[PDB]
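In what follows, a single structure is set out as C-alpha cells and then discussed.
As you look at this complex, bear in mind that one protein chain is not there, while each of the others sits in place.
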C-alpha cells in the first residue's frame, strides 16, 4: 500500500532509493532494483540507477500515486499509495 | 482524530515516533509502541522500532489517511487524519 | 477563512503559535490563547501551551481543515482553511 | 492561473512577496502591492506589508486556492491556482 522513494543532491540523476529490506520483492524486481549498502550504514537498501521521474512513471503503471513530495536535508522524498 | 508520526536521519529505518503523552493508549498498544522520556526532555513520547512505511500501512488499517508529509531539520513528519 | 499555526523544535510539545495581531479575538479566546511579544519583536502573537495535535483537533471542531503542513528552519507550520 | 506568494523569517508579519516582473498589474493593484528592486537583485518584485494570512484571504475572493505550502531556507512559499 504505502511506498517511499528518494534521491539526494540532484533530482535529474539517480540513484533513487526505492525500498527498505522488507519491501515487496516483486515490485523491487519489476523496477530493476538492486540491494546495496551505503558506506556508514549497516543495512541494505533497494535502489535503481534511474532518476526519480522515471521511477514515478513506472510506479504509476503499477497503480501507485503520489500523495506528497518533500525535501529533508539534501534528500527529496516522495510518499506514494496504492488504492 | 489527528496523528503525527516521524523519523530522523533515514526514512528506511526506525525508530518512528508515533505519539505524545496524550496519545490514544489503545492505538499505541496496537502499534507495539514503547513509552519513554528521552535524555534532556521534560515529556514522554511513544515510539516503535519499525520504519515509517510499515507504520503508515498499519495506520491505514485503523482508518488513518495521510494528509501531508514534510521535512524539518533532520526529521521527516507525516500528518494523518482518521475518518 | 485561512489560519496559520506553528510549533518549534519538537512536534509533541508546545507552545503552539495560533495567531497574529489581526486574528479573530473570539477564536483566540476559544483556544485559550494568550498574547506575547517575543524578544526583539515589534509585534505580538497568540499562543497556547498545548501541542499542535490538540490545537488541530480543536480547530477541526470549528470547521477548519488542514490544507498543508511544512517545515521551515526549526518551525513546523500548518495552513488551515474554513470551507 | 498560477500564483506564488512568500514571506521570510516569521509567518505572522509581512512583507509578503506577491509577484514578479510579469505579474498581472490589475491583481497587484487590487492587493495594494508596490514594486521594489531589492538589495543584491536585478529583477523587480511586488510586495505588500500585510502578513500572508491576509493575502491568502484576499486571493480566495479572486478565485485562487492554495495547492501547496513549503519552506525553503528562511522563506515560507504558497503556490496558488485559479479555479
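For clarity, chains are labelled A, B, C and D in written order, and residue numbers in each chain start from 1.
The criterion applied here is as follows: a contact is a pair of C-beta atoms (placed from the backbone, for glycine too) under 8 Å apart; a residue touches a chain by one contact, two chains touch by 3 or more.
On the side of chain D, the interface with the absent chain consists of residues 1-4, 6, 17, 19-22, 41-43, 45, 67-68, 70-73, 75, 77, 79, 81, using the contact rule stated above. Taking the complete complex into account, residues 10-13, 51-54, 56-57, 60, 66, 68-72, 74-76, 78 of chain A touch the chain not shown.
Just so it is clear, only the chains that are shown with their structure count from here on.
Chain centres here are Cα averages; for chain B and chain D they lie 34 Å apart. With centres taken as mean Cα positions, chain D sits 21 Å from chain C. Residue numbers of chain B whose C-beta contacts span two or more other chains: 68-72, 75.
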